Amino acid sequence: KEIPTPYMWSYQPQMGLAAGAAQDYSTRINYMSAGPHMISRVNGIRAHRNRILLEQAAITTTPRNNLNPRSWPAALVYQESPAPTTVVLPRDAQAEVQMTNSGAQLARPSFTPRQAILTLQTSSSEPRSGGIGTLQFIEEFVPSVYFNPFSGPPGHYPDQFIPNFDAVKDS
Amino acid sequence: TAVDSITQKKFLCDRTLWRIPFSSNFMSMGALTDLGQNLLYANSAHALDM
Amino acid sequence: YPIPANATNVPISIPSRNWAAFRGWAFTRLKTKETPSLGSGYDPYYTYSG
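Protein chains in written order, with the authors' numbering: chain U, 3 to 109, 159 to 222; chain C, 854 to 903; chain K, 654 to 703.
Don't take every hint at face value.
[What the hints assert, rightly or not] The calculated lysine to any residue pairs, modelled on SDA-like cross-linking and capped at a C-alpha distance of 25 Å, are:
1. U:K220 - C:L888
2. U:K220 - C:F879
3. U:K220 - C:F864
4. U:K220 - C:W871
5. U:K3 - K:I667
Honestly, the hints are just simulated from the structure, not real lab data.
Could you build the full structure based on these sequences and the hints that come with them?
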């Protein structure tokens with residue numbers, strides 16, 4: 003209730019969706035209370051960090067609604083670059099029918164110049180669906196803290212928090 | 854004639870590939886199989902002994 | 654992580670945890686006979702004082 007760790011989301015890449023959040027220990031400092039002159043510092047330096055990870059959670063991503071959705075549309079998660087580059091041809095479409103079958107074999160074009168180009172879009176045919184593709188994981192679920200562990204038994208708790216969990220049913 | 858006998862029942866499997874679906878429903882349909890990627894089956898590395 | 658004679662396949666088995674301080678990896682080799690898994694005063698494994 004008073005001293006919890008900031009929760010850290012565990013990942014599975016090809017699915018795109020994160021498994022669930024967990025506490026940090028292999029870098030967690032000594033909690034053997036040093037004295038009355040440093041207890042306020044070890045609880046104080048952490049306290050401003052709790053607001054560092056709280057403020058950016060609303061900035062980096064829109065606040066939590068569906069905590070872990072597999073059926074995920076693209077809005078903040080970016081759809082890849084939509085820009086095509088189109089170039090012309092050394093030979094023409096209609097200036098070739100006159101020669102080869104008649105007699106003269108063929109081997159801007161320096162015979163009869165023409166300018167004709169057509170540009171078509173490069174974008175992903177229809178919008179991005181499912182999990183995160185390349186690298187948008189940190190921008191989607193930033194490490195966030197629940198500072199009062201399981202405060203509220205039967206109504207709701209940290210739900211999608213568990214790695215052994217799917218969105219369809221609990222347990 | 855009458856000489857008492859008992860039948861042996863061995864089978865023969867040739868070229869056939871030992872097929873099995875990775876499902877609780879036992880159905881081989883799609884890349885994302887029924888029990889292959891379920892509730893807790895895309896889970897982290899656990900020890901296997903068969 | 655003890656490993657047997659004439660075998661070539663051994664990985665580390667650690668799942669999702671904390672990693673907030675890391676410069677990188679380091680590895681060397683050592684016998685089980687000369688020194689054991691430490692933590693005790695005089696454990697039932699010493700027998701090589703080399």
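To see whether the hints hold, each was checked on the structure:
no.	hint	in the structure
1	U:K220 - C:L888	holds (15 Å)
2	U:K220 - C:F879	holds (22 Å)
3	U:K220 - C:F864	violated (45 Å)
4	U:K220 - C:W871	violated (34 Å)
5	U:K3 - K:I667	violated (29 Å)
Hint compliance for this structure: hints 3, 4, 5 are broken, all remaining hints hold.
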